[PDB]
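**Student:** Residue strings, one per chain:
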Amino acid sequence: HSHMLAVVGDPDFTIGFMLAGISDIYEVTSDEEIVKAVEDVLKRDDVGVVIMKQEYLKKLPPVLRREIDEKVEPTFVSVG
Amino acid sequence: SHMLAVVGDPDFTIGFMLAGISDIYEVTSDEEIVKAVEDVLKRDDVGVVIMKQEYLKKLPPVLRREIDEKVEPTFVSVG
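If you're matching them up, the sequences are chains A and B in order. Going by our numbering, the first residue of the first sequence is number 8, and it counts up by one from there. Going by our numbering, the first residue of the second sequence is number 6, and it counts up by one from there.
So here's chain A without its partners, still in its complex pose:
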């Protein structure tokens, strides 16, 4: 039971958040890396919210998309 804020994205997308003191970030580039990160963030029990590019869901297999569709917790926030 913890509600950490995690961010997932390329290094250019992450810096703004790190400088802002957000250390729960997942650096990502490879399509495979995007999907694992999301799998990983879902395996966690301390994440409450996760920021992401709106252009990342498409890259996630049907299972994951619906898996995060429920979105009981963490609440996904997608940067348009």
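You may find that some hints are simply not true.
Said to hold, decoys possible - Residues on chain A that point at chain B, a partial pick, calculated with CB under 10 Å:
hint, residue
1, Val48
2, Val54
3, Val56
4, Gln61
5, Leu71
6, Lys78
7, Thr82
8, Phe83
Calculated directly from the structure, the hints in this document are not laboratory data. Note that CB positions come from ideal geometry on N, CA and C, so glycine has one too.
We have chain A; now place chain B onto it with these hints.
**Tutor:** This is chain B only, laid out in the frame that chain A set:
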């Protein structure tokens, strides 16, 4: 100037005001929602707008696809 604006009911927008954000559009009725989004898209100093995911369907496809570009501002939807 790239101001952060937030659109939502007072309960959703309270954690933001407490955190310093003061560019809030307090909306409740389906009607006020569409206006807010229109107003914010009518401004020239808004770089980002936070808003619940459940607010897009409530938008006329013209508008829903006006943020098609999403050039500036960028929209951030909370699921």
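**Student:** Checking against the hints above, which ones are violated?
**Tutor:** 1, 2, 5
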